[PDB]
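Okay, so here's just one chain, in structure tokens, the form solved without its partner chain.
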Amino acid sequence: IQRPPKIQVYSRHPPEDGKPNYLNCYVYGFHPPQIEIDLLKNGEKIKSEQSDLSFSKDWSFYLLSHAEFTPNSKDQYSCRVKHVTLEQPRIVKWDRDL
């Protein structure tokens, strides 16, 4: 029981300032299943397009939240996850050089 979530913030296509992309936040390997995931632009939240809760032997419970977004050299994004294993909501930033 009590397993913290593993997170992956990434974009669908290699980003270029201008072309509309998609930002996905992959969260998995956690338990219990109740978990909240917010997508953030400069600190405030955006498109809550979330998948349906799924489970697997190899990654326990997992989810995928995504939003359409347009890259700029000034706007920064990140994924915020809230789970009973995190004393304070964990925030992972979208690094676009990884």
The other form holds:
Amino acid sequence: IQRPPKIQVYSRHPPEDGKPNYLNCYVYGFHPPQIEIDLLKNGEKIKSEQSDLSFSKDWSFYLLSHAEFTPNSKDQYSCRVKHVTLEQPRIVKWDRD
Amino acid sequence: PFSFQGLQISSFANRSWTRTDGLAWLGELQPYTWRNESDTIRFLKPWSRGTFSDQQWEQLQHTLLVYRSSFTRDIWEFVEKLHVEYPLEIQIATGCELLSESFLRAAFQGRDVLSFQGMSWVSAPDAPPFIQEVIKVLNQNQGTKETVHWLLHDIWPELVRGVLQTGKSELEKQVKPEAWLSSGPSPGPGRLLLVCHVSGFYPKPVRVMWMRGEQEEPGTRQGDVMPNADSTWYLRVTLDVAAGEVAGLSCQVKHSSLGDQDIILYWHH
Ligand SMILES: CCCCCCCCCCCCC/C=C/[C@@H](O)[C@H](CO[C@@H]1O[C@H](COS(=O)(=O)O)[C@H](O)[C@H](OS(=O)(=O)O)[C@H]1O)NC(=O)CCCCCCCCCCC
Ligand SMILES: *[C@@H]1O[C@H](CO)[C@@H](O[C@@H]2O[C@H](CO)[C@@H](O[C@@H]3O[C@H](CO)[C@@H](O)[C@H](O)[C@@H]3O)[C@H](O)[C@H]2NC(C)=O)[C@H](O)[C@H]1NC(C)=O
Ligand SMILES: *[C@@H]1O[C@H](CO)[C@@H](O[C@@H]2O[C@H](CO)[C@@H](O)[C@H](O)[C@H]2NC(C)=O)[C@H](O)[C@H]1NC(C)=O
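Rather than the form solved without its partner chain that you just supplied, could I have the structure of the form solved in complex with its partner chain?
Now the full complex is given, and it begins with the chain already shown.
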């Protein structure tokens, strides 16, 4: 009935400083389906795209956001997610290594 | 191997706000969507049309369209007449595997609620009391039951057969992953976390392992295989190990697109 979301963050391609890449934020296993997902660079939102909402056998929801990004060893990225089951928004950082 | 599956997500916030979106999967590719805004469905692939004629599609469209409006109206009326409280989340899943076996299942507030067996609406064993009223009203409308029967037994199968034929090549493409290694956060004292990333592979079945030469290493933790925007996959596999033992560890990747020629990545220092 109410399932909190699980959040995972990963790049499409091996992160090499300077090469254009894509940052993925996969949010899954949640219910109900209304959810806010933002991709962040040093705190600020960045232009992300988002796939259609879809769902698994047990009826939970899953969804993919991704954003074009160019990593360098300076900047940090994260995924911020808002859902009814969360008292406070949940931030998951992209860990390069 | 490749199942077809049609999905509906309906939400009713209150009596004034509602939305219904749909999509469908064939194996792991998404041929269609029907967004709330659209009066029609999107063919997301050049093979999405299958072998279905234009008149056949138009008919199916219209059927689905009437259904979407009628469905919405019917829920609202079931809510008023049965005093069920908002918000509501309703999910529907149909589809078939050719052996040919069709289903139409429904969930409410995230739990299985009813389905369509044979020619009847049947309540799930676990369903709340009031859906017995729903089932009753639904099993009265003969025309709907006939339209559902016809969809599941006549239309789904003929469709799936066609788009399997036209989507055959894109469905069974093989796409080689790229892969890399990294040093994750320390899991404790003198323990290190070695991470093996594999990304860009399609189809989804993949074996990824830590190793000493030919000896598979257990303590290898699988991550979840998760999607990429381009419908290829990503998988992260880790190992917990002591700083002395770092000697001669390799990650090894088996994938259908590689044949017998696996990808090996070595740790150095
Ligand atoms: C409290 C709620 C919680 C419970 C949640 C579960 C509820 C189950 C959901 C199932 C509800 C299905 C309701 C069916 C809606 C029907 O109104 C429509 C059309 O009804 C037709 O309207 C017709 C008149 O229409 S009008 O001229 O425009 O007014 C006729 O009355 C016709 O009867 S007939 O004897 O003449 O043939 C009648 O059936 N049922 C359908 O359209 C059936 C097709 C179902 C397609 C399912 C596909 C789902 C897959 C999702 C992928 C996008
Ligand atoms: C999902 O789709 C439904 C149905 O397509 C949307 O509801 C519809 O929205 C339209 C246009 O926005 C509404 O039009 C209204 O018409 C009346 C005329 O009497 C007028 O009072 C309003 O000013 C407006 O023009 C219409 O009420 C409504 N249609 C139905 C069948 O409910 C719905 O908003 C979409 N969902 C979301 C979240 O957008
Ligand atoms: C019905 O529900 C919808 C969606 O939940 C409500 O629309 C929102 O209402 C807030 C006010 O709290 C406004 O900021 C916007 O108008 C809407 N936001 C979103 C995210 O939709 C609507 O208020 C509700 N209608 C009634 C009569 O309760």
